[PDB]
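First, one chain by itself: the form solved without 4-hydroxy-2H-chromen-2-one, in structure tokens.
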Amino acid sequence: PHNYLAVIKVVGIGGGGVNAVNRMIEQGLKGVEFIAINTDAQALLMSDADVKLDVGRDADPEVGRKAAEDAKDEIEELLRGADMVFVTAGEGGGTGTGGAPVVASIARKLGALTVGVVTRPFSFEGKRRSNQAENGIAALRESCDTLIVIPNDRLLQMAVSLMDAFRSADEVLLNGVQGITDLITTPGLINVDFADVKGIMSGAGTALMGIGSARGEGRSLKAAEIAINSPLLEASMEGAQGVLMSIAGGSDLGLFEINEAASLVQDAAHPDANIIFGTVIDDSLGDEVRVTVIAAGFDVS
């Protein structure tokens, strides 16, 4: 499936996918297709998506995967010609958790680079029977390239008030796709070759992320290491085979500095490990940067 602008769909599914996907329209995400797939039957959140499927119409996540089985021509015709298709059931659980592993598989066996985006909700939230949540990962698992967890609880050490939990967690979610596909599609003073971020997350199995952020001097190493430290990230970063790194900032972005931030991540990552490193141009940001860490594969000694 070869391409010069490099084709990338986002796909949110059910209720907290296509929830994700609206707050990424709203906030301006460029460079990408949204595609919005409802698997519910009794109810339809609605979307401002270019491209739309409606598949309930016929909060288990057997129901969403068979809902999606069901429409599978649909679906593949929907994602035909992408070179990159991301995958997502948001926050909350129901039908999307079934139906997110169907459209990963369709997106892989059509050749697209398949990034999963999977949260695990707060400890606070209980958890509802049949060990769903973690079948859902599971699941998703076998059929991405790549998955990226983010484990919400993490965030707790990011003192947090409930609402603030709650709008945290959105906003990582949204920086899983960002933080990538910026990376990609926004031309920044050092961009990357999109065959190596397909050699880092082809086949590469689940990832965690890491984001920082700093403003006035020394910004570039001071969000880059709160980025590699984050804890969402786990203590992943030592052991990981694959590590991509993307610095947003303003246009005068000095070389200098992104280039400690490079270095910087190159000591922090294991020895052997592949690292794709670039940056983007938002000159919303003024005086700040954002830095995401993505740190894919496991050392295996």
Contents of the next structure:
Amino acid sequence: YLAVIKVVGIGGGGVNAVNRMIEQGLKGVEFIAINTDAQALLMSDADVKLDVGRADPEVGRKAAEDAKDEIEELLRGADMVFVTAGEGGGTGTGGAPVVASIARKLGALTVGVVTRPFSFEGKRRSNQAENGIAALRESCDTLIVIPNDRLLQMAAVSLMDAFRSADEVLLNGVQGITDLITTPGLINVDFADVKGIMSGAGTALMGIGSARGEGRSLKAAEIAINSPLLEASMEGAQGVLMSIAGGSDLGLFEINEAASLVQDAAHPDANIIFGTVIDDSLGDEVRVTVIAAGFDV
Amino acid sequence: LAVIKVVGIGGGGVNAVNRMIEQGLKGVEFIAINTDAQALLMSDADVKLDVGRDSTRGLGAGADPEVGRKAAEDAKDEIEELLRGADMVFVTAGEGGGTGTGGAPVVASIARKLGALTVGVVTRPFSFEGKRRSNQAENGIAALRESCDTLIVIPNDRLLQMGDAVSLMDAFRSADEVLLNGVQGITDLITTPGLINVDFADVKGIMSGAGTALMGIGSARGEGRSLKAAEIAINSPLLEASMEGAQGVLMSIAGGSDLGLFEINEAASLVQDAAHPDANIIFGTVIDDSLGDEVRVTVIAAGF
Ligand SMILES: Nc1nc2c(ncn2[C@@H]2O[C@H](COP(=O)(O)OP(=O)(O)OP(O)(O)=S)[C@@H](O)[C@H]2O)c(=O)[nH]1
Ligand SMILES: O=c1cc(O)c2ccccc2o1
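Follow the form solved without 4-hydroxy-2H-chromen-2-one with the form deposited with 4-hydroxy-2H-chromen-2-one bound, if you could.
Whole complex next, starting from this chain.
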């Protein structure tokens, strides 16, 4: 009866992202690692693991289609599937859309998570990364797109910091939503609400914010609604999800001030899903995640 | 904090990493890369990558370094994605086989292309392993040295002059230990500093572009421990009697919190008296409450 959430990392970048989620204690989900390369295997502590290798996206797609039945049996039962090939290119890019289409034909709410690489990484031809997004958005209910370039606006970031930041915000692209659904807080939500703003919703962007001390929830919320990762698209989004993670001492009044701000910041006709998550490991810090989907005609 | 990643590649490198994990080396991420799937399933590394499955069946590179080089290069995008974010990468291997000899330069070059401070720590095989393993290790060391800021070379032959005079497995365990000593002697300055704090920036200043290097290790307890451990270390057979001509020297003294500045300083006086007249010498200390009344000096010598 409660939502069954499965999180699928496919390809080297995807299995590695899933391994990071496991090491950071992301709870309440089933982890699935799918390897798509014949020549190598990244190992994983995921609950469920499937090797389909039997650096090219076409290779990753054929490997996944060859295993469509096995893949489908792993996904059967899920209310929600996340699919990511994480950072980097590779076969995962090709296999991701196959997993996503299987999940959506199964009727799971299917959320793709994809990263645009930094511009300083170059491009390898076919417009490979752009095609990978398009194929994924062709088969996802919601595609969360993380533009890594916008991280360089979040300061005077070093090259190592830029990579560590990309990893962290990718992880949050899953955690911020899944914790809202799976983990109790003062303000809880219905999986059905979440299904309503994300189903058939198309492309989404994300924003994050953190603060300590006085007015932490309003500060963190204002950082999140203003995140360069949202690419100034908050005002036109027709679906908006916001989750506030903090300690269990966080007062209703302060929470509500953040909820009121996202409503002022959002388009008047937007669906807004608002909740909180008790995470006492955070001290007097509070962490806001904002997912914006849709667009205004 | 600086993000430190330690890569064991090939069988010996993966075994050294397990020993690092067994002995509690902290503050680093351990990455095991091998061409044998069952040896990687016995690894306790945080991250594990099986390469060359098409070209080796998961049974090693058959002592062929070109096989190990192609297997790592085939996985270069994956490896790069595992290293991304590190300020410091160590690349550790037993030279002379196929996987470590061939693959270590690829891992190192990725770390260097990312701009991480890239430190190799590798062993020369024992003379009794035969002349092809020595030849292959020679080429592998030369390739590795092109892609490392500092490449620490540990001659296994000299291990047999130290400690107890037994068993083949015992000797390789000794290799595992000295590889750990070379990694820990450096990483602990950054992750668990004592009184004389030598941070990542300092280590980067002395180790960047430094070239080939040797190490010495020494420990002692009781009266005059810090002087004793320092003298064993600067006289270590692993230093191949070349300490005294080295112009860059990094030295760490690890001890419990009862280790006094006076003790530390007396060891430092001894080392710089014995050093090259023009040598750059950096001394740092490591708080390690696990050592009891023991003190442990590690010495890294480059620039001969
Ligand atoms: N530290 C350490 N060194 C080892 C161990 N076993 C072998 N060595 C050393 O490392 C060298 C390389 O061995 P090994 O690492 O196992 O080969 P490999 O790189 O995996 O190459 P392969 O795939 O062709 S079998 C050996 O020649 C020996 O000198 C070990 O258990 N610990
Ligand atoms: O550690 C493992 C073992 C495997 O069988 C596997 C298969 C596919 C994907 C990831 C995997 O990680």
